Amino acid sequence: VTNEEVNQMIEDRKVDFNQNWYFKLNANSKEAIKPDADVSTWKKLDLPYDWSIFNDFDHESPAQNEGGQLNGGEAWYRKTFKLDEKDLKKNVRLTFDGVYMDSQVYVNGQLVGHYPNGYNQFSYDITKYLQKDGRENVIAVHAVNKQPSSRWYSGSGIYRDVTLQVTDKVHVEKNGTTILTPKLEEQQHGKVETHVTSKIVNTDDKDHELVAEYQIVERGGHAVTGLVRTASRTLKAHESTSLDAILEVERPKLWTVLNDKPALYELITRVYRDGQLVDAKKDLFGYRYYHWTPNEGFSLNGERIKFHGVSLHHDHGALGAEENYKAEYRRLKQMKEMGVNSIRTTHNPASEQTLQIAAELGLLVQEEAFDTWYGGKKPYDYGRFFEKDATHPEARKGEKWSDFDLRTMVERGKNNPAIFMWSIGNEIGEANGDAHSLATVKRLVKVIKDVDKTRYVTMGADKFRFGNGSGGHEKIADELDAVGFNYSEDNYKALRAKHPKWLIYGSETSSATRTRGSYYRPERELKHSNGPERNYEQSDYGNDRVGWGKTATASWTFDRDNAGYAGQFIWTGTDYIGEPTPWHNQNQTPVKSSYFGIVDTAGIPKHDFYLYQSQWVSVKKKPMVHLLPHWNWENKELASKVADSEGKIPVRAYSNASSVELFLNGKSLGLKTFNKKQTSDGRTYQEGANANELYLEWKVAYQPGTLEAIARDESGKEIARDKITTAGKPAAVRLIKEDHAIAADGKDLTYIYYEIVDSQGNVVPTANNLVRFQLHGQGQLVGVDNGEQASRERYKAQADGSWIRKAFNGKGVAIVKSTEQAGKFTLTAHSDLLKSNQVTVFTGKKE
């Protein structure tokens, strides 16, 4: 057997099962299951598919605007498939990355399983339900989203990938590989012992003789070991065993967040039955170590870092709940451009895409199992299943759904270098230190530790922000490895004095609210300002925050000033559908999406993105300067809110540079210098006129034209510019390509921005013009967005098949997915009385 053949076997082991499904909302259960159903009345599609995202907004929706005002319901999905002749005796497993929710899977008329969880991955061995002789089988999936189930937009149905594993009767079982590097800090400059465990099952009714062979390789690289073999032993029929080996890898490269292409490795497993290669598998992993102390916080590979982190919902804007590798890559790559090193998957398990991209980009991950325990937060959420018996075929005796779901998530991610924290709850009210909650936290911690001891078990708790933060809930925190504070910076000092051994971080911070390109009262701090005068908008100066919240500056400066507060996960990294605080559940208002994000649903940064970048990215890696606001102040209503007593517009610069000099129409308004300072522990930092300003400010009398900012190093040498220009009346639509080409695989996509521009090419920053889109060629329009919270516009096509969307504050995005045919597609944009534009994107070979 050649290495070529082994790799093919690995590749053939797992396939994409997303293709050729039929969908019908409210379909008849008996017809969906039955062998030769009439599917003329069904919709033929490829997964993932979120059915909720094609709905219109409904002011009367049971989801309410916390759930995006997009309705759920019930639906069936249907696939028919035949095993190849070679595969007839093989074991067949079906994996669903996420189905929301309350699902039932039927194979040839029989119920394989019921699975409540809407975010956790699950698989079924469906071998026994398959027809003999290679006759076609029918798989039918029932998904139910009965509202309200969610405190944010969930979507409905099969929003994540479905995959099929076809294997020998003797095979490495699902989630069966464990890779550990116990002595890595010690052995790192020499040979590092890599302990691998394999969990092999014999589904045959004959006994077979078993050997495992292991090799490690650099991902997209060379081998770093030879073949290492376990001793031959008998595996009895219908039994499973665990195999072990140690492999030595010399001076491996350590996975870190300190570069954007961190080192990854792959374990190759070969399984022999009676001396014949019958199974082959690869498992992604990395070499990293970390430590965390109460007063010094966190270090990765001996380097002290803070969690510069974001909370993220799953949700892709116009894509709705449909997960996509390219969409998630763009979101995460962009987070990383800001200086983010850490994401929290709030509040639910992550997709395979998110976990993989995080390993690929160098982002530390906290994956969260639960938004509630046994109490519940919404009637149709998970709370009702939490203590009920798992009915999964492969559930262990006495396992509750919470037990089974937590276990399986940890087994799925135990080898992923990115994950360093497992969260067993967010804002669990019932976790107050009573006997029941105390029992429950211990049970849950123990589930994890029976699988994985290497990662921090944690929770995100807002109980610490009430009063002095102390209470029976402190007893629950005692059971955790690390204790997450939600919005509790005010009680940290006291809580820290009380619990000197606690490892503390901000599990949820800020909740500042902003609308891109919208400005209000920069001079004030606005607390939960949801009045009619706000016009359903919040300020991009970043001076709006909810009642329990903090601004970016307040929340970041605190984190920065305290070593024992290890970092934070800001709410939120990007906008999501739903939860439109400060207009939460005011359902007759137009708001349907969040204000919390640093970036809007359209992927377009708000100004605070640049504030964070100035703080988190070194001037060596990326010198920058960013100006706000815009320079169009002709409109008196707009200006009356921004301009001060003398009618000057406060202009502000974010920079990681030493100084910024602002020019109006070529004339200097003065050079200003950041004040340099040190943390009590000697970390160096920069700030402005005072401790509450991380920016430089100029009060500028409004003269139309150009503002330009020159950023300089200490030598007085220019390292960065930014520039803002007054726009004229809209003259045209401009389309901006992110990608010159994408892959022709039917999965890759591109984001093209549309701007409303004047005759000189300046973006009109106030423009809300409606744009109509045409697509020709080898592509599929799959979304449109402008990020605006108060918009009730379709994200998808209109009822007549049209694609339209307004600009909001000059900008928006359109999303095009590739087909499986190489060639090109062209996007033309039109707006009324404006010039049109087109860009062409090529589709073809990959990478």
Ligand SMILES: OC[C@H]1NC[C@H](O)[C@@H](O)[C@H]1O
Contents of the next structure:
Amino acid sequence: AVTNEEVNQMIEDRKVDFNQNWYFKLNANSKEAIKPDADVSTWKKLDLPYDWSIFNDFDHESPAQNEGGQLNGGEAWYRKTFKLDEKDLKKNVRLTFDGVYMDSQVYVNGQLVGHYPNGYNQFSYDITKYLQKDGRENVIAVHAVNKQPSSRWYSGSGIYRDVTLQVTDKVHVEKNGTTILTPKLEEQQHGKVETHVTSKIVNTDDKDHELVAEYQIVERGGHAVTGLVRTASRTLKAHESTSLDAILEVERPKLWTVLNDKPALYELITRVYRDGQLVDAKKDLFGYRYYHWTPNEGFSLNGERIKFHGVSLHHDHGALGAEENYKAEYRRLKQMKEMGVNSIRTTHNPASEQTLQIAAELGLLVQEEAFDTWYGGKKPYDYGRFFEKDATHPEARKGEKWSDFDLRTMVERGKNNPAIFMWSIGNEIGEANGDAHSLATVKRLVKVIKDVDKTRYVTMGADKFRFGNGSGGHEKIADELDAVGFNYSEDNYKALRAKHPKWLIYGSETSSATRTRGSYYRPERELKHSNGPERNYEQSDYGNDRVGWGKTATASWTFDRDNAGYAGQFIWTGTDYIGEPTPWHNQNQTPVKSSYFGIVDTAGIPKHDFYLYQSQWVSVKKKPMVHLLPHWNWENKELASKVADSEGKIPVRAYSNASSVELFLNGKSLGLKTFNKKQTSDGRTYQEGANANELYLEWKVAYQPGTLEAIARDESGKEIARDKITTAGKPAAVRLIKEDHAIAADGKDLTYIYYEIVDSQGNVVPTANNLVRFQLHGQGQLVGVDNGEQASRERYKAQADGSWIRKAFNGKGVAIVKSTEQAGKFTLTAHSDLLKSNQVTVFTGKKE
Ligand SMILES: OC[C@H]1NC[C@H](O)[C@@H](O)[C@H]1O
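Right, the form deposited without the named molecule is done, so what does the form solved in complex with the named molecule look like?
The next block holds the full complex; its first chain is the one shown before.
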């Protein structure tokens, strides 16, 4: 009866983007916010998402302290009015918020729909009953509160992720109603794979209805791989719900994996019939993958043994603040992928829809984390105070606490995403010590998950294993998990592995090395928690700085590499984030406001350890590379004195995955050096330099201005890669570098344009801190500027006079430009005092 074209249209119309045409006002009058025909002339008209804190100036007296990035919170209201189309009058209406930070209240036409404490977990409300008859307009009012301190990192404030509207028939697939399982995949993979699908269907009508479900699987952006599979027609009574199911068979599916960068994804199409009429249709993304994990060998995915080469990530995007954005998150996860990362940990909260989708699309395994605390709390205004309180969500189950409800809904939201393979039910929970309360809580939380989903490893990240020999009552908590996460506990691994030979162990959080891009200090030393005044609020890009409880990249990686029973690690952190500026943590009269832990700075510019990791994790066949550090501008006595050795030479180091690297200074060879080849005690091959603690090759080079060039060669002496560093003259010009020639004209897509301070020959001046002023013309919108410098107190956003400015830091920074909905172009022009100006143009229009 109904066309495939029509079913796709129904699917498309089922969900709309609801981000547009909101009004915002900080400290607005409650009664004014929720009331109809209110005076919004005093409010800011905007499109969501919108993190209000990122527009503040830094405040040394912020109750957030520097750990929260010294950007204030407070309270505010967002307000939207909308009319249902005539044809949608009797339809079910659901409003989904991907994240609101935090402690929120939603009002529809004057009445309180729900109060939702969690600042990161997605929540939705059926608002059908709160709507007007006959189609007069409705008022959505959202109140968001960030009372500080509520966070150990920058949170942002408000509606920082998308909001979506679902308009469905009275008879429909409930929110998160789809379950897709492939329980015999390993066995069936070379033939027909049984795909067990389940739909929770609800009948919100007051009449009884006859119900049939019809399923089909298709390749995402590909063709159908099944026909239609029908369920038996059964009665669904008024105000009742039921689970339908079916088995579909897919022949030799392409298996989702981290081992390529465009893994195979599938979608289940669900068609719902109400008395033989197609009334509801839906798609659900999933993949075919299987995995196994043993105590002594670690992890394997579709039968291929791998290690988690992983990073921890906070949610902010530097100059974007907490505003989640598809392009921003894609950019960052693609960068992680380019580094050889195959796994992410969403530290320490539920992820956005963007993150989860992009992980599935790029082939990144995900640990999704529910809690940074249990009933104890870490910060006065964090989640702890809500953990054991009864959930008041209208769809909460009897006896559900917020912890129960929030854990359950997170798992229901993500149970079909192929990228997720671990659920974490806590990071460094101090209360989880093995006492009767904590033991009862771990079992309860494990079971909440298991009642939804048994296919993924339940875990926690625990730093308790680093104290003494690692033992204690917390071992009783670990015994209840599928896999035991070790925060910074490498030193006790041997002993703990001997004690618990059945544990699946990995590094849930490692390193916490601290680094500032382009800054260098005492390369000959390892520096522990070095935060003296002589450091000038910077840390060393040689990667020789680490916090008291931390390890260098080399120390934390070599240990992982050498032990098969330690399945991998999630480095703290993959990128910098606003807040937590250890080792100047909560020294609030100091200038620092953002992190040093990132492999990549907040502006998306990699620090040198990026290439260290790339050299270890990306095969010489996939991407031959060689990367040199430090810079070659040593004219400054102060800078050079901190770096030069006792003979005044500069330690020049190369990371490479090649067999050999030869360093040249101004055309003249300083020697070919060869990586030592070694094997792990279980027969895996690896390369190192002069000793076990050096993954680079080093030359002590006496300082002559000019050019360092490194030639990387395969075993047969064939050149496979080059890298070059040139001494720069004095600043002469600002140069702009486009990442994109064009982006989509959807008002959502954006582009990153780097600016560099260059000398007259076009070399980057690696020490340059020049102020740059920006002009934008055409069909675009500036939405951020950044240089990643931790000690900077510069605005990420427009100045109070509407201007856009930012200093270079160590030669570089970035400007971020969002598209509009009009096709055309925009031109970014950059100016700096007494330097040559430059412009670039980026086109906008059609999406790929
Ligand atoms: O080393 C910093 C790191 N410590 C461990 C915590 O889990 C992280 O959020 C962060 O605070």
